[PDB]
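Here is what each chain is made of, one letter per residue.
2 protein chains.
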Amino acid sequence: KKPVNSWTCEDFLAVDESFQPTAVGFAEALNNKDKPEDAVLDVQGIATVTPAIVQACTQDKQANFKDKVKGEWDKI
Amino acid sequence: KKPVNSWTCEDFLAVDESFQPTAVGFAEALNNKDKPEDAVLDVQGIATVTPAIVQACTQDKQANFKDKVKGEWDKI
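Sequence order for the protein chains is A and B. Counting in the authors' numbering, the first sequence runs from 10 upward without gaps. Counting in the authors' numbering, the second sequence runs from 10 upward without gaps.
Hints should not be assumed to be uniformly reliable.
If chains are identical, the list can't say which one is meant, so a pair holds when it fits in one copy or spans any two.
Below, a list of computed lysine-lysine pairs in the PhoX-like style, where the Cα atoms sit at most 20 Å apart [stated by the list, open to error]:
{"id": "1", "residue 1": "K11", "residue 2": "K44"}
{"id": "2", "residue 1": "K11", "residue 2": "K70"}
{"id": "3", "residue 1": "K70", "residue 2": "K42"}
{"id": "4", "residue 1": "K10", "residue 2": "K42"}
{"id": "5", "residue 1": "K44", "residue 2": "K10"}
{"id": "6", "residue 1": "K79", "residue 2": "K44"}
{"id": "7", "residue 1": "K44", "residue 2": "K70"}
{"id": "8", "residue 1": "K84", "residue 2": "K42"}
{"id": "9", "residue 1": "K11", "residue 2": "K84"}
{"id": "10", "residue 1": "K84", "residue 2": "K44"}
Think of the hints as simulated: they come from the structure by calculation, not from any bench.
Okay, chain A solo, but in the shape it has when bound:
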C-alpha cells in the first residue's frame, strides 16, 4: 500500500526474492526516465544490479530505496 517512491531499503528487503528484480525495474521505469517511448528495459542490467542493491540496502536500511536504485545503477 506504500507507493514505491516512499519505500526504504527495509521495505525492499521484505519483498520476496523472486520479485526483487521486479521492484527494481518498477522503480527504474517510474523514476530514472527520459520519455516513455524511449525507455528501454535492460534485463541484463537489472539482473546485475539487483544483488548490488540488496547488499547496499542491507548496510543502509533506512535509506530511500529508489535513491539506492539510481545510485547503484550509476556506479555500474
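Chain A is already provided as a structure; the job is to place chain B on it using the hints.
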C-alpha cells in the same frame, strides 16, 4: 534495444520466463500511471496477470505488448 513501448507480443514472448513479470511491471510503471510518487507496485497483481498476458500474447502475437498489459490488467 527496442524501447518497451514498441514491443509486440512476440518480443515479450522471447523474454526468458524469469524476467517476464519484470517486463510487465516495467511496462506498467512506464505507462499505466498516475504520478510517480503515488505509483504502487502490486506484486500479487503482477504475479497473477503475467501468465494471463503470456497466454493473450500467444494468441495475438503482433499486438502491442503494452496495450495487452493495460487490457489484461483491466479485465482482472
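Taking 20 Å as the upper bound on the Cα-Cα distance, should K11 and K44 be classified as within, between, both, or neither? between (25 Å within a copy, 14 Å between copies)
Within, between, both or neither, where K11 and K84 count as close if Cα-Cα is 20 Å or less: neither (27 Å within a copy, 24 Å between copies)
At most 20 Å between CA atoms: does that hold for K44 and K70 within a copy, between copies, both, or neither? neither (31 Å within a copy, 25 Å between copies)
Measure nothing new, just compare the shortest in-copy and cross-copy C-alpha distances for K44 and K10 to 20 Å and report within, between, both or neither. between (26 Å within a copy, 15 Å between copies)
Quick one: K10 to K42, C-alpha cut-off 20 Å, is that within a copy, between copies, both, or neither? Between. Shortest inter-copy distance 15 Å satisfies the 20 Å Cα cut-off; intra-copy 23 Å does not.
Intra- versus inter-subunit Cα pairing at 20 Å for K84 with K44: neither (22 Å within a copy, 27 Å between copies)
Status of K44 relative to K79 across identical chains (alpha carbons, at most 20 Å): Answer is both; intra-copy 17 Å and inter-copy 18 Å each pass.
With identical chains treated as interchangeable, where does the CA-CA distance between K11 and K70 reach 20 Å or less: within a copy, between copies, both, or neither? within (16 Å within a copy, 35 Å between copies)
When no copy is named, should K84 and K42 be tagged within, between, both, or neither for a Cα gap of at most 20 Å? Classified as within; 17 Å inside a copy, 28 Å across copies.
Pop the pair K70 and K42 into one bin, within, between, both or neither, using alpha-carbon distances up to 20 Å. neither (25 Å within a copy, 28 Å between copies)
Of the numbered hints given earlier, the model fails hints 3, 7, 9, 10; all others are met.
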